[PDB]
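S.K.: For chain d, the structure is supplied; the task is to place chains i, X and Y on it using the hints.
The primary structure of each chain is shown beneath.
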Amino acid sequence: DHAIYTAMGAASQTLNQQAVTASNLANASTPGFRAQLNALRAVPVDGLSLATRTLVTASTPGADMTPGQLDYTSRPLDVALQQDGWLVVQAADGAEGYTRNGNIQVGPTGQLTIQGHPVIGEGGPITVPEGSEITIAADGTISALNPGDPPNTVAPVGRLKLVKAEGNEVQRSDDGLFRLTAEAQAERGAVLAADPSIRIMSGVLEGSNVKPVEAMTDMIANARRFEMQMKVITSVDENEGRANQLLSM
Amino acid sequence: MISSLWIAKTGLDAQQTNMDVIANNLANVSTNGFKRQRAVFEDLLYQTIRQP
Amino acid sequence: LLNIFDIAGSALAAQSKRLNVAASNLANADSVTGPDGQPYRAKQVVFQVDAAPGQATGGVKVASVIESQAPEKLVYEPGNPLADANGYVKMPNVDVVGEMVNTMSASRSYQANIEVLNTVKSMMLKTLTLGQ
Amino acid sequence: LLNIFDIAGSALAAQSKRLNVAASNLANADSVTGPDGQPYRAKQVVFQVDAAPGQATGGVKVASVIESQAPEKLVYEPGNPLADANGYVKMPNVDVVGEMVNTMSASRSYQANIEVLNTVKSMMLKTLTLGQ
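Protein chains in written order, with PDB author numbering: chain d, 2 to 250; chain i, 1 to 52; chain X, 3 to 134; chain Y, 3 to 134.
Pulled out of the complex, with its shape left as it was, chain d reads as follows:
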């Protein structure tokens, strides 16, 4: 009788996994988006005798840290990070989240902000001179020329701090901004060092790394799994009903 619930579990969890892929898939063409891979966990129901039931909860181990793909936008202050690298950005609540979204913008007040909640590098939120004409170098140095001043006045004005942290030591944090797993903090501390070995390529954006083939195969498999569970549910229900005739007479 309770087998029905196991089946329901799978079905319910299948939809959840679908949901993940949907959000995983709709975010194609979102700059720097790191696709969230999904998995299914068996959950045994260990009990008094004859351990037969296992449930099928859904889970998301992390994000696919395969670097997205580049788009040469020729915009002087769009940034592409190398593999396993992150830009540090102050979060809304106040903390150093990490992103691969390189669409840096300058406000009217000379404040460097990947979409608001601005960027952090070598100090606080990096602030440039008002008359920007900004350029960003290969290792992060940010130089500014006021547009109507001789081009031999391009003195640097900041350093865009970069971070190396990859895969299993970084987790998503209910924003687009990643953080450390709270286990890679009895490690490299709550704040990280610049790692002067991460390169920057200007004039290029990075798009999402959502593999469409894994999405399509995942969706096919999810639909089939759901409808197999539906057949099991039908069988269990109709068995129970066509069994309840025992108590009569």
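Everything labelled a hint here was simulated from the structure, so no lab data went into it. Some clues are possibly wrong.
Derived CB-CB ranges, DEER-like [as the list claims (entries may be wrong)]:
1. X:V34 <-> d:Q83: 37 to 47 Å
2. d:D175 <-> X:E69: 45 to 55 Å
3. X:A25 <-> Y:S107: 46 to 56 Å
4. X:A65 <-> d:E184: 42 to 52 Å
5. X:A25 <-> i:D20: 36 to 46 Å
6. d:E184 <-> i:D20: 39 to 49 Å
7. Y:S107 <-> X:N22: 29 to 39 Å
8. X:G36 <-> Y:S66: 19 to 29 Å
9. i:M19 <-> d:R76: 19 to 29 Å
10. d:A92 <-> i:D20: 24 to 34 Å
11. Y:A58 <-> X:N22: 45 to 55 Å
12. X:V34 <-> d:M202: 37 to 47 Å
13. i:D20 <-> d:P152: 50 to 60 Å
Ideal Cβ positions, reconstructed from N, Cα and C, are used throughout, including at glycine.
M.R.: Quick look at chains i, X and Y alone, frame taken from chain d:
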């Protein structure tokens, strides 16, 4: 509406808006001083269900 | 009321209330707002064993229909009212598969209890003719 | 428990446990990991003829749910943890068509035993009115 339908709806909406931006750019060739528009999207919030 | 009649009737009433809650959730999925303006909060019933004084068994009670504090899945429509800063409608968290299965299981439990009642009614009526 | 009732009820329980194992298998196909982190090994039940003393027949017992020791088909994903040297995930060995037919066959056996019970119960009740 289960969550999957609405999320895919939003994805299709963003694709439509991107196509609108592209068509606006691309029809406005031979428009003096026209600056091309690049549409940039963003993920919505993540709703955690079971903490790791 | 008899004893076993009370037990089975309690089961029947509890299962009917469980089915009512399941139907309300199943029909109010995709319900933007309530009367005052508030997410439709999905409902569940609390089952407790009845017959509190004595024998620790007998009947089922459906005290205190409760409300599930599951994270209330959000959607983005910042033209709708009801949307906070970072416009987010609240859009109930009803699991449709869960409520369909709840409806089917409630119907089956209902049948088992009805058919218990028929059997017991037969046993009593045949007990009246004890001897004579 | 009356003897033939014991036989058919044991059959009901055994078929139900077989169906529950089959449902778990069918649901946990494509399950990367267990709780501690190990493959989900597909499960099977073992049927034995019950009533060890006497008549060498009568009833079915489903003691010792076992683990099907097939070689646990592998996939290559050397970015996932849980992947060994020569990165390979363990990926349950569940044959879905076999499990679907198992569910169908278990349901049919359940039908048969339920309806055997009904026949026998009617026979006993009509035996009670022997003479009077």
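S.K.: Tell me, which hint numbers fail for this structure?
M.R.: Checked against the structure, the hints that fail are numbers 2, 3, 8 and 13, while the rest are satisfied.
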